[PDB]
Amino acid sequence: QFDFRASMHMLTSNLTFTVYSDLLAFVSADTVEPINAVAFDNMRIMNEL
Amino acid sequence: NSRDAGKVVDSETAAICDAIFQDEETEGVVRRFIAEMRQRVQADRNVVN
Amino acid sequence: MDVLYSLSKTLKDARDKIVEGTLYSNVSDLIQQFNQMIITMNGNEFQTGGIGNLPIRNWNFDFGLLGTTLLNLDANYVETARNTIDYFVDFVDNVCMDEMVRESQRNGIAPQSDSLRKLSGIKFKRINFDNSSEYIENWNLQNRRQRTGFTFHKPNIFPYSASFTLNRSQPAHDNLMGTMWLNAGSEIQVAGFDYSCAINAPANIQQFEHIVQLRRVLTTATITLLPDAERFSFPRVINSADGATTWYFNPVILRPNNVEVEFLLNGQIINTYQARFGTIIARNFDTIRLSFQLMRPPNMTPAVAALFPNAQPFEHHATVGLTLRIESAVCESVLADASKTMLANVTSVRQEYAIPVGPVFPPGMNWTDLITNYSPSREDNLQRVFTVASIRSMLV
Ligand SMILES: [Cl-]
Ligand SMILES: [Zn+2]
Ligand SMILES: [Zn+2]
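Protein chains in written order, with the UniProt record's numbering: chain A, 839 to 887; chain B, 199 to 247; chain C, 1 to 396.
Worth flagging that the hints you see were computed from the coordinates, not collected in a lab.
Pulled from the structure, derived: some chain C residues nowhere near chain B, Cβ distances all over 10 Å: (1) 55; (2) 83; (3) 160; (4) 183; (5) 266; (6) 269; (7) 286.
Cβ pair distances, simulated, as ranges: (8) B:216 x C:341: 51 to 57 Å; (9) A:859 x C:22: 47 to 53 Å; (10) A:883 x B:245: 52 to 58 Å; (11) C:29 x B:221: 26 to 32 Å.
Heads up, the beta-carbon is just placed ideally off N, CA and C, and yes, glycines get one too.
This is chain A alone, in the form it adopts within the complex:
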């Protein structure tokens, strides 16, 4: 049998939010000039110039 007391509930959620997928789109990524690019040892990748 249908019982109103047993069927009435309060559903709770958030009012609104925006879900994002591409996190890296929020990053402005630039690079140094290749002439000035350095390796792990802080020296230029290519030194013969």
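The hints should help you fit chains B and C with the ligands onto chain A, whose structure is shown.
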């Protein structure tokens, strides 16, 4: 049937509530509750019930 | 005071009516009043001060309202309401305690504590709702200069006094005529003693009078009058008036003669009771005059005649008595009584925090000293603290 600008989720709940409200065998207390039951939107907290 | 009482009453109603399984319609108006109280108190900072050993406490109010969401209240709703109610009840109890421990000579009826002074602002007047208790009702009526009274069972109207008056006395204290009396709370036990049993009296009649001036006017008083004073009917060794020596009392009880109890107001005979014992009614009075006669029995059996000789030494001393008990009364002023706990509550709060003696009340809230010198300023302060105590008793 809300007397205080009430809202419910979802449209099926609205249909059920209207059917119970119009039913003659429904309790008066249940009818008054349907007429008075309210949602609670807390925008500051970003919550909706 | 009305806002503090309204906070206490709202919290009491919330604690009593917001219960698991109760219909939403049993609390709708209560929920509205409670949410109004929450809205009014939210965003306000209160401080209960550090008078005596009472700790300084800070109170912040940021509470969400109570919803109206279930047809029958559940455990979650009651838990949230209980959290809010517990915090509010602690705040109200501390405010009541802070107000109870202060006093003022000039404006004794006005709020004294900072918290209650703040609650007297206009912004908090919205919290005010039903004022049905006897003390809050009397407070509101008195603020409007309306006639109102407190009903007391066994009112504590007589300051403690166990003393005697000797109308005939000698250094040897062997032929004494006088009166003893205990005036304690609602009781007046008086006795008149003649050592000679009125042998030399003008008509073998000795007249005794006891006048008790009540510190406040009592109305609609029911009183019990009994012929004998049991407290002054056994042998005693009594210190002299100066305390230099002690005299001996050996009572023999005779029927009081021509008993007249007069209840007077403004010197007018309001009520008169002649030879009437049992339950009597005094309409409205401020003085009691008990006049009673010791009559030497004209006819005595040989033992009775042996008790009272025609001259000294007198071994048995003829005593007549009277017991008066104000069982209940109505007084326009607050008083201690046997059924209420206001004096006890205020005294306990003041003692448990070592409140220094103020400029109004006696040390330790001694009731005998308070009632003995029941000044208008003391009356105002006592009414204030008693109303606060009655407010506190609804929650604590
Ligand atoms: Cl009693
Ligand atoms: Zn009693
Ligand atoms: Zn003496």
